[PDB]
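Next comes just one chain, in C-alpha cells: the form deposited in one PDB entry.
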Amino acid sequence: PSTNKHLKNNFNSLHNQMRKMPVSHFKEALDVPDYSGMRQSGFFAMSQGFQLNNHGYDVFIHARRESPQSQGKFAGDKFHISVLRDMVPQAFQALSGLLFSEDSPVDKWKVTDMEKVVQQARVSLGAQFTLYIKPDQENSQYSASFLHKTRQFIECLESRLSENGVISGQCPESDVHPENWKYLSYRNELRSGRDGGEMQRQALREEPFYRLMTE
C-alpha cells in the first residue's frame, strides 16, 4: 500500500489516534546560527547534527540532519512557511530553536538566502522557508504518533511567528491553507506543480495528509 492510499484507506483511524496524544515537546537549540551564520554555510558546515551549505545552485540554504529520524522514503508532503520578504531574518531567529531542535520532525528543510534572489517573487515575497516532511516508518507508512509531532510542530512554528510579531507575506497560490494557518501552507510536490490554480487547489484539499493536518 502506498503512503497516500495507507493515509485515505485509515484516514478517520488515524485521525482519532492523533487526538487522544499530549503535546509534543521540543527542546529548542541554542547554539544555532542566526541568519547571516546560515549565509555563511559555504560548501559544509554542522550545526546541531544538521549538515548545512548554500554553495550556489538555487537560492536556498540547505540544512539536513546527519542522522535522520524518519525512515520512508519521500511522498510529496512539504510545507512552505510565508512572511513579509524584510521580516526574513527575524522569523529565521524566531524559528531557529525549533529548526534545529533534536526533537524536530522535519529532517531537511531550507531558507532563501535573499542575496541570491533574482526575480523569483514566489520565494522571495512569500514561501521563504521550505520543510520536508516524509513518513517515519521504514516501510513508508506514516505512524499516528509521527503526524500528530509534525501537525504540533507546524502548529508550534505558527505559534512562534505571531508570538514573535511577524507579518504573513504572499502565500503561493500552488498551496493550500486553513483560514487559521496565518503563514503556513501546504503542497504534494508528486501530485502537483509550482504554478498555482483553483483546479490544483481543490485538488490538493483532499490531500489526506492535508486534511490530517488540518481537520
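Residue numbers count along the first chain shown, from 1. In this text, the rigid core denotes the largest set of C-alpha atoms whose superposition between the two forms falls within 1.5 Å. First, how it differs from the form deposited in another entry.
- Once the two forms are fitted on their rigid core, between these two forms the CA displacement reaches 2 Å or more only for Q120 among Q93, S145, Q137, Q120.
- Fitting the two forms on the rigid core leaves the C-alpha of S67 displaced by at least 2 angstroms between these two forms.
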Given for the second form:
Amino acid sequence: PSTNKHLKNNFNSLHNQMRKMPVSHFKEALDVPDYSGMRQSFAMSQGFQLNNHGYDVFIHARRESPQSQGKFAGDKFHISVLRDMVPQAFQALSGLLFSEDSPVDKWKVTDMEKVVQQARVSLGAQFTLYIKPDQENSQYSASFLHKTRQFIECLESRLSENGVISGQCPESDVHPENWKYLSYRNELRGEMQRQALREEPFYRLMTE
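Could I see the form deposited in another entry next, after the form deposited in one PDB entry?
All you get below is the one chain by itself.
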C-alpha cells in the first residue's frame, strides 16, 4: 500500500485520463523578486516563505498550501542551466515558480555566492522542484499529475524561448530526449539506478 502502488495499478488509467485533459493554465505572478533580491532575503513572496541560511547553498521557497494533503513519495525535479545564466533563468521562471496555480509548493534555487564560498560544483541542478500527491490518502489524482506535467513543460519552453543555455544533468537523474533542462529523480529509491528511474511509473506518466 503506497503512492507508487496506486500508480502501478492505475498506470494506463491515469495516462488516458491525462491525455484527454485540456491545457491547464497558470496565472504567472509579477510582484516577485528578481534573483539578486532572492540572494538577499527572511521574507515572503506571494505565499512562499523564502529562506537563505548559510549551512546551505540554496535559497528555499515553501508555500504552506493547505490542500496538498498527501505525504511525500520522493518525487522531485531538477533544472539544469549553465551556471552563469542562473539569474536569467530564475527571472524567466519567477512568474511560474511563484504562480498561485503552480503545483509545486516547495522548491529551491542555488545561491551563486554561497556556491563560490563553499566551492560547490555548479554544472547542473541549480533549481530543485519538490512534488507530493494531492489526495489526503497520498494518491496522485489524474488532474494533479496532468497539471504537474503541464507545469514542468511550461518551465522547459520558457527557458528555451529565452535562449537559456542548457546545463549538465546530474548523473543520478534521468530525462527524455525532449527535456533540455528538466530531469527527474526519486530520492526514496549506478546507471543501473538510472534505468530504475526510467521505468518509474511517475516518471513515465510525465514523459509518454
